[PDB]
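Taking the form deposited without its partner chain, here's one chain by itself in structure tokens.
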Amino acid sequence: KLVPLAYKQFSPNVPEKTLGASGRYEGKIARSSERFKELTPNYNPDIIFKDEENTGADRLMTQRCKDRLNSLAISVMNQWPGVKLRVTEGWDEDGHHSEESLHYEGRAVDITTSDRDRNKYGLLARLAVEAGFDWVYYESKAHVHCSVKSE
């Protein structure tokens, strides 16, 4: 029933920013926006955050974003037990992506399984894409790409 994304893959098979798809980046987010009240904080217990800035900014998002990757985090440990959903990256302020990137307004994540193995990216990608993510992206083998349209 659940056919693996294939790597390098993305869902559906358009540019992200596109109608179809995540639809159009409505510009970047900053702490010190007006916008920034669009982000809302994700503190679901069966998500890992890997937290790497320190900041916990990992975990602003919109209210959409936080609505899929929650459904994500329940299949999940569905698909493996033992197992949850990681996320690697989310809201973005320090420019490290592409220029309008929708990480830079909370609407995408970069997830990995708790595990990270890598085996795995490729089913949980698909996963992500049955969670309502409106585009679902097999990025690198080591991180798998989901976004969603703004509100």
Second form
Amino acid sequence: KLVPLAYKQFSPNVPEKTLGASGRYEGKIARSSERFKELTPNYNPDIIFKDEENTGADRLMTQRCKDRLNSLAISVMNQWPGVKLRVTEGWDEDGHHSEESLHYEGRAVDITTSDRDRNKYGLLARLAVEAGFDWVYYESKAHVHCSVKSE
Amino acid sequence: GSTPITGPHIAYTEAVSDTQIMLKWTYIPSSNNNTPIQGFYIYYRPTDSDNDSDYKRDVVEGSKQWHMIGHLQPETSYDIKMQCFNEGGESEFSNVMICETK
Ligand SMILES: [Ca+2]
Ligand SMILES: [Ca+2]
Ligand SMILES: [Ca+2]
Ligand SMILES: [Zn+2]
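What would the structure be for the form deposited with its partner chain bound, rather than the form deposited without its partner chain?
Time for the whole complex; same chain goes first.
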């Protein structure tokens, strides 16, 4: 029943910021802002966080995002023995994503498998759809982008 | 020449080819009391690595506000961050950008 996504495919196959998918950008969330409080760190041991920032930013995400990510962590481990979900980007303050990226409000993650096997990513993406992410995009050969609706 | 404390901010990173990535940063000299700056260190590592010892380093002159990293691998994601320095020492790292060659 699980059909991998192809490179560059997104599901549902509509724009990320439409109602049927993740909906509109509501504004960047900065570290000092009142809105920063609606992000909480995901400390699930089932998930590897890249944290190249050495700030813990990658762990920060909305509740809806955390719930979907934790479900996906499970299905990754079930699909591939000894492999775990890895998050390269969560909430972001570095600023390299698209203008009005959902990363800027903690509603998106970029992910790989822990073994960095590029040929697992199409199926990883399908697992993310089944885990309930509101939009999943096989954005790069190097990672999958997944996002969620606002709370 | 006090050691710099505050580092540069990388404004953007963009691939120019299958082996090269352009980065442009802002550095405001007043941010470190106009201490003289000898140059910048630009660090890059394949994004598949989470080992902070795996960054390679380019040295750039202190007047530059952009640099092209070359000799990279095609269709490969890199983590990119930077410091400024002088005889006293080095700043903290900049923000960390992620950018793929073509
Ligand atoms: Ca660390
Ligand atoms: Ca990150
Ligand atoms: Ca980031
Ligand atoms: Zn993303």
